[PDB]
Amino acid sequence: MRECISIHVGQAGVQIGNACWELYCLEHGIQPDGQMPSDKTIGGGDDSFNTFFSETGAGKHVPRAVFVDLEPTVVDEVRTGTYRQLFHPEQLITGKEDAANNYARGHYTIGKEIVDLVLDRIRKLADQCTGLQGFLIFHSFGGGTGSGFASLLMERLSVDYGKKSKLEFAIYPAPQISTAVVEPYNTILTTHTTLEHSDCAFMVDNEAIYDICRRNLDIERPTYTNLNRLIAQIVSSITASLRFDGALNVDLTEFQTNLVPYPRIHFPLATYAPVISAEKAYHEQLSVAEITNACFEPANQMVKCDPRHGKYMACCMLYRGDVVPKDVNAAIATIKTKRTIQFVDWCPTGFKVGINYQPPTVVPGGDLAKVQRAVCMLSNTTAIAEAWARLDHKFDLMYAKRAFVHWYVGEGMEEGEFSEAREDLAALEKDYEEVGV
Amino acid sequence: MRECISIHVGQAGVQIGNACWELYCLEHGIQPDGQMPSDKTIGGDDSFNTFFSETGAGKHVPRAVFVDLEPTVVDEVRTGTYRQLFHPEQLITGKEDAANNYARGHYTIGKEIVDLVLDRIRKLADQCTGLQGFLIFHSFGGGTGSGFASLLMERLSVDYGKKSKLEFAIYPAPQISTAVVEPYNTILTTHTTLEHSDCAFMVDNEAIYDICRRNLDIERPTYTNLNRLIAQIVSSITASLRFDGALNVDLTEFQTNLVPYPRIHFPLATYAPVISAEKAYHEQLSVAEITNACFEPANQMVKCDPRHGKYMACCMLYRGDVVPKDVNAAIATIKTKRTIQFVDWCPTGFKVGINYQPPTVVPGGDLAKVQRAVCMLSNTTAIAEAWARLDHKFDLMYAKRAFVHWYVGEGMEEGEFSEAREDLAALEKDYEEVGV
Amino acid sequence: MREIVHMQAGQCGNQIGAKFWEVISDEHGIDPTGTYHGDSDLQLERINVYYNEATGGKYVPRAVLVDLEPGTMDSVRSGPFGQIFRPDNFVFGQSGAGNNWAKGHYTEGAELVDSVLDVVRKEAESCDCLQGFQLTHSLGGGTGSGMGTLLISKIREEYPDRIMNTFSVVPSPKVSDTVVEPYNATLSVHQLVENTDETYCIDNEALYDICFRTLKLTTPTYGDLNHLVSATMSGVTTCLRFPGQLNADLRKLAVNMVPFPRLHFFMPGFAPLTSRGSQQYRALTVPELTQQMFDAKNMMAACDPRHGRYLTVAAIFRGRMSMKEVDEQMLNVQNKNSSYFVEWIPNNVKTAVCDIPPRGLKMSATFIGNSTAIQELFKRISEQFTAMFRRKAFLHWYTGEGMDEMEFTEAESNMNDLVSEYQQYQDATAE
Amino acid sequence: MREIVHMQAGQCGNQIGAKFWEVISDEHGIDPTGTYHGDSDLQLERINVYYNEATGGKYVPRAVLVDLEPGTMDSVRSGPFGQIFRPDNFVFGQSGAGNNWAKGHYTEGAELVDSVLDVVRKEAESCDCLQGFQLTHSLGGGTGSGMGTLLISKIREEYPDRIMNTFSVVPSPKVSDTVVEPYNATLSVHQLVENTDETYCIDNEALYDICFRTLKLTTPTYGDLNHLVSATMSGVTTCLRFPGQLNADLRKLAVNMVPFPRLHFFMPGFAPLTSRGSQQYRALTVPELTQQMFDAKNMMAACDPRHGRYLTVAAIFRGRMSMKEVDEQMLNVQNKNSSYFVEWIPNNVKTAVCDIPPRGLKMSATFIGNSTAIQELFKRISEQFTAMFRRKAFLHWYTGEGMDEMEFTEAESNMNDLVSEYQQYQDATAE
Amino acid sequence: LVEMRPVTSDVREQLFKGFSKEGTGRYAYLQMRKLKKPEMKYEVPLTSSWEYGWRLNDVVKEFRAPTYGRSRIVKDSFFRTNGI
Amino acid sequence: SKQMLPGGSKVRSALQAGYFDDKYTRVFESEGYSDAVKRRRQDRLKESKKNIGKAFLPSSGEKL
Amino acid sequence: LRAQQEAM
Ligand SMILES: Nc1nc2c(ncn2[C@@H]2O[C@H](COP(=O)(O)OP(=O)(O)OP(=O)(O)O)[C@@H](O)[C@H]2O)c(=O)[nH]1
Ligand SMILES: Nc1nc2c(ncn2[C@@H]2O[C@H](COP(=O)(O)OP(=O)(O)OP(=O)(O)O)[C@@H](O)[C@H]2O)c(=O)[nH]1
Ligand SMILES: Nc1nc2c(ncn2[C@@H]2O[C@H](COP(=O)(O)OP(=O)(O)O)[C@@H](O)[C@H]2O)c(=O)[nH]1
Ligand SMILES: Nc1nc2c(ncn2[C@@H]2O[C@H](COP(=O)(O)OP(=O)(O)O)[C@@H](O)[C@H]2O)c(=O)[nH]1
Ligand SMILES: [Mg+2]
Ligand SMILES: [Mg+2]
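Here the protein sequences line up with chains VA, UA, VM, UM, 9M, 1B and 3W, keeping their order.
The C-terminal residue of the first sequence carries number 437 in the entry's author numbering, and the numbering is unbroken.
With the entry's author numbering applied, the second sequence corresponds to residues 1 to 43, 45 to 437, in that order.
The C-terminal residue of the third sequence carries number 431 in the entry's author numbering, and the numbering is unbroken.
The C-terminal residue of the fourth sequence carries number 431 in the entry's author numbering, and the numbering is unbroken.
The C-terminal residue of the fifth sequence carries number 187 in the entry's author numbering, and the numbering is unbroken.
The C-terminal residue of the sixth sequence carries number 103 in the entry's author numbering, and the numbering is unbroken.
The C-terminal residue of the seventh sequence carries number 451 in the entry's author numbering, and the numbering is unbroken.
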């Protein structure tokens, strides 16, 4: 019945989805060829796999996602390795050549050949549904396909489906770190589009992942594998209440009405706890109060912006494991009596709790320890207005002398759109300030 | 249930508290790997709850932070024999040593290292349900043990406030010295940990040296024996939280009863008997004479002569088979004795706490298994002589500006020397005006 | 299935292309005869970018060899690991350019243009993408300069939407080298300004000192120099061929390194580089590689970057590592040497990561940078140009072959105003 | 981790550093190949203070050997424990700086200064914490008085936060040593007192005295002298690399000594040194290591302490000290000969106990004295310096390579006001 | 020691046939190597994407359905296939 | 001259060399121990002043 | 190591 689809766009989106689907297969017991060691009969009257996997006649669980990218490779490793029989052949859509870090080339010329095919494929996917729950667009704000073709696909979904939930998982750029020069261009040029068509957009930052997985997991040389495994654990903690039952249940519908006070203000920060390693996991008891404090401390916030300067607006705690309701309630009481976590004055009640009974499935090959309790903290903190203003300042610095604009104006989009994008992000920043005060 | 948080700052403090944790592990039967193999006859006890916390299986993790800027003493702790006991991120190391410099410990390196230890103290306190004090081990010699200890005090007094804080400092000797900037660093650390400490509990190297020379009949041991003796002292201090019978005192007791005025919070220490196993065969250890051993002038943890100074409070903590009749008789004999003088506004200058649990002995130590022991905590005015000699050394130092260029170059300004000068001067006038 | 043709021009272009077609032949596992004999399907996946397949195991390289020297063409076709060339794409003249841009451009040039462009289109429908062209030649040469830049002009007007990697080698600015070095250099760079998307420039003097100071091996010779040339070849376009982590192809490098369409001349660098007797004494790690890239000895365009700033730079790390270290070091370079960069471009240092390391190295790094250091080379080329042009020395050759002083003066005006944009954007502040 | 980098200047510095690296590689159990042929794990826990890890189990010393004579590098390469050094760290010339400060500070020696700081900066940025820079040379020599002091000035300019500690061989009070030694020494120590943190002066005359009268050794040679010097290197640096009881590293020693910005010259001493004949007929205890410690016989460099006092004393003990006896004999000396001590500084003795002794010794004890008897060295150098400065004997050399009598006379002013402010604290009462 | 397993002779013979524009060489060889797990092909994760889902058949025990997964009882005890 | 110099592979400790923040921010500055039962008794003390009479005398037992 | 030995 309940079922959510995923759209993995670009290099970052496809690698994140690779980690995600590895985690889903090892959690639901589906072998990498797509076949369980059992079926609907002979034990296991189970339906938890139906959210992410579609079952055919002959015991094969094809996924319910689309790995789409404008470039070769990226999805070709999926097509030629490990999870290749499990994925459908015209489900891993590749283009001809990439946008190559260009909102223009992702949205306008190279975009309008793959968009019809991917729309037909997701239309077939929604045809094979008994009532959809929502979308999970795994992409990156960095550049090219993630800022471009992903936003074009999202506005196609907005004009097509309408009221369905259109959640984002976006790799926000860093204060001190970028990978492309034109990310201050592409991020603003894509947040001009995501703002009026999204429902909530989870922010993930790369060096924040670096810090949370080097201080706690204590790995001296982290990489994209650990990054994507941690993000896969976060998204499993989010969409675990559909697949598993128990206590307090939240789905993709209480998620929208509990993080979004105003239709522009839909950019939450994620937080996972515990991110402790196997060696350090012995000498510290995993309590609900201490994992709550580990969620609220700023060294575990998943975007580098300090929540001390700013106000928490709406917060959701997705507990997962052997969680009893009281120690959640008492932890919430302790942080509510504490004054340093300054909730905004117009939101007296601030938390929303979802408790799931299934313990978090450890990935054999990661660095996370097998913990009996976990918690995902999703906060609509106003501290990301600092990140928005910093991005606007970087855009001002680059656009002051028309640097890296000739590619955008010569691909096919107008040069004037940068002004509307800048004024839209200025409106977003002043809306954040007006709501925060 | 009721518990203390231990903060081990500097090399001396790390060694002292290492001996402390050895003694607590041997007292509670906790193995060095954290496991508790007590299953032969207990079947139900949590006397470790003051110092240890249960973390699954059979493992206990101690409430301790081992903070020192040089990464060698904590490193040999990490590679030593207590590797599995301590939590790996409790053992906090820096990169560069403060090097006998209050400005290094408090102004330059301290401002980036204090946040992680403050969050560790936060985690240790939040993992606690009946927390009632801090036990901080740091020498007054200087460097990490002075500047960072002062920083930790002035931030802990803001973070926790009314909770009791007790230092167990190594006070420098009148004649024995190691560092030459101790007359600077002692004054600098006292001027800051005057208004925030509740008790001070100094000990002295050459005093313990001479005590091990005479009583413990050993001529060439090392600092391991000093550390073990101070571990015995802290065991006698905190025995009345893990074991309570007869009269019992918690940390609030001998901090609100040792301190008459809120600047004279500088108690001494004494442990008796410190007698060795060979000598203690031909002895009759009794409460009628262990108090005489405590009040013998050449037996204190700091060799300031107690004959030329009255006593304000004389808090005794007895341990072992003690029946209060002879506490009463010994206090009567001591008060009737002429040489042990008391200040005219203290006919009630004795607070006694008796514990029935005998003092445990550590393997490899030199103290004997005595069925009776007592830790005496004085608040005498004999420490004013130590303050006067320390201020004399600081006056001869600062009189024409020797070793000041380091401090005034790396952060800490000129006026703090004069502020500490006038604060210790006012301290000496406080001792004199209160003693007269 | 993206496509790069590598169509070489000139004696220097032919030599560097032969080194290219052997250093990637043993990289993808192909013998001199043509049959694949490698030991990994990672080689076998994207061979199609460079090699047109035939029956059997033949993998003949898609390359329009353009030249005017029969001896040079014979040496290229008879060199080891280089007889894989198909007989179809062997267009070459017999008269020769004779170290003259105008002779290689107009007399021997334009008649050869028809046949050369026929071979280019014959290899252009025989593909799927045609992701880019790769023309390799020399500034100051005879055959590679005039014929080459005419080929950029023609291919740009007939396919005007694709990357043209002009991989050119400049000679040493001192001594004399060719007698018409500044003439050919000015004309060739003048065509490369408004007809080329992106251009790499290598200096022979810098090749000499990087092979002599860090590599040692007594005399630098030429083989090791062209081996670093082929290393930069195989390192720039390695995300297009071998898979891995975060990728960046020719278009991505062009959009991340060209702020303004005129200012697209780059300074390459290959920085695993150790001598014979110092390779056991050196631990190899990403901070060490980063130090070797940003060290100014490894710059092969001469042009000490300390006499200027850096507009943009890209580093292609080729070998598996941790990108934590890459991010650390690329940030630390900016954060400490922020004065020798541009403050109006935030985070002007770029990274790409491929997994497959090259032959015999644990990891490699290709360092290519758009900087203001090459304005010194351009202004000294213009100074030598006007010094030998005010007396009209060797003007008669160019006027006989079909050029004129108006062409000369507009070429040097273009060189001067490109120097002006470098100086202006070096001195330009943030706001 | 705390890490210091070694640099050797001249023949003197090169040979002293060679013996230093031999002694400490023997202590850390590293064979001349480079591997770890040791026994205990205490050797490989602080190996990074002196060594960089390489491929495999290979360790390379952090030494930046530099001079202008090829013969010193030839000798250290031909000798044992020379293959561990990195040949990239062999920047060297072929002339020699004429035993001249100006020739080592402004002439072609200053041209190689760019390369030697390039190597120094490479090592110091591959460093982790950069505890400091240690340099070995002679004050009256060639490159050591020249490029050595120029290295001092340049390094203290570019990293003015770390310790810059030098050892230096000072001239003998007798014989003649070098003819231009007063000029070289005056200019050198004028540079040393300006910028350095501390100096451990060595003198060949009293090294000969302690090698002939105390340590038997009818033929002292010079390797035994360098063995004693390397022993007092290892004794002072053992606190950074070996654990034990309470310890004082180089920053500890620099702050416990050096009361003023000036006056940072120390005269060291090694004190297990007893005759090979009486190593039977002498016990081993701290009450006699203390009298060998404070004996006027030991006194490694230059001066009789009886013509002065001890302003501050540091003693680094190595071995299993039951150090109550250590501190009681320090107090015992301090209150028995209080006349030979500064009264306005009480308790002026530092003790640093490490539990790891040097190989072949149960106990060792190294001296570091900021003695007030060091007046004689500066006084005799200033007297001789002005003696031929008023006579114009060989003063034309320094003016030829770039000096002048003006800078000569504020060098003499630095000497005489250093001696004056030294007297100001020598003849200062307690009250 | 070798990075790649010794592959069978038949696929090499299939690779050593005609060109790939019709497709009998590299194309058919890549199809026949695709139709095989990339775990009995190599011994080392030479590609970063390849360590995603490594040797699960030997690092993981027998797979099982999740303990607290949701059921389909309102479609099993409910609506039947055939009836009256 | 002064060449380009990058950083290094810092071995990792409680000091920050590798973190991309340059400073450690703490969530709790002046708030440490919580004392939940004591705080709850303070809420009882605050709430008990809002009564409208004396203490609620419950009832009486069996009057035999 | 094998490639290094092939080089020398
Ligand atoms: N967390 C995470 N981020 C990634 C990963 N791979 C790439 N990224 C992010 O992606 C950004 C680079 O832009 P891409 O998302 O690769 O752009 P693209 O989707 O490939 O589109 P084009 O640039 O046109 O090729 C970098 O800043 C990275 O932060 C990954 O595996 N994990
Ligand atoms: N009882 C005891 N005292 C010690 C020990 N180690 C050092 N001390 C005393 O500490 C005094 C000097 O202070 P230190 O502890 O050495 O300095 P620190 O606190 O470690 O600060 P740093 O030197 O900067 O690391 C000396 O005078 C010693 O008397 C020890 O192991 N046991
Ligand atoms: N890197 C490199 N440079 C070359 C080569 N051949 C010539 N040059 C440079 O080009 C100049 C001579 O050009 P030349 O080869 O005679 O041009 P051509 O007449 O077209 O063959 C010299 O100054 C050389 O520095 C080569 O094979 N490799
Ligand atoms: N280590 C060492 N020191 C020497 C040697 N010869 C002389 N010295 C010392 O160095 C001082 C003179 O330095 P000098 O040899 O002129 O320095 P150089 O010119 O740089 O080689 C004398 O006082 C000697 O004590 C030697 O072979 N080895
Ligand atoms: Mg891409
Ligand atoms: Mg210390």
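Quick caveat, the hints were computed from the structure, so don't treat them as lab data.
Some hints could be false.
Covered stretches of chain 9M (in silico footprint by chain VM; criterion: 3 or more residues with CB under 8 Å from a CB of chain VM, positions within the stretch not fixed) [claimed, not checked]:
(1) 113-121
(2) 125-132
(3) 142-154
We put the beta carbon where it would ideally sit given N, CA and C, even for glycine.
Structure-based check of all given hints:
1. 113-121: holds (count 4)
2. 125-132: Contact hint for the region 125-132 of chain 9M vs chain VM: holds, 3 residues under 8 Å.
3. 142-154: Held - the region 142-154 of chain 9M has 5 residues with a Cβ nearer than 8 Å to chain VM, which meets the minimum of three.
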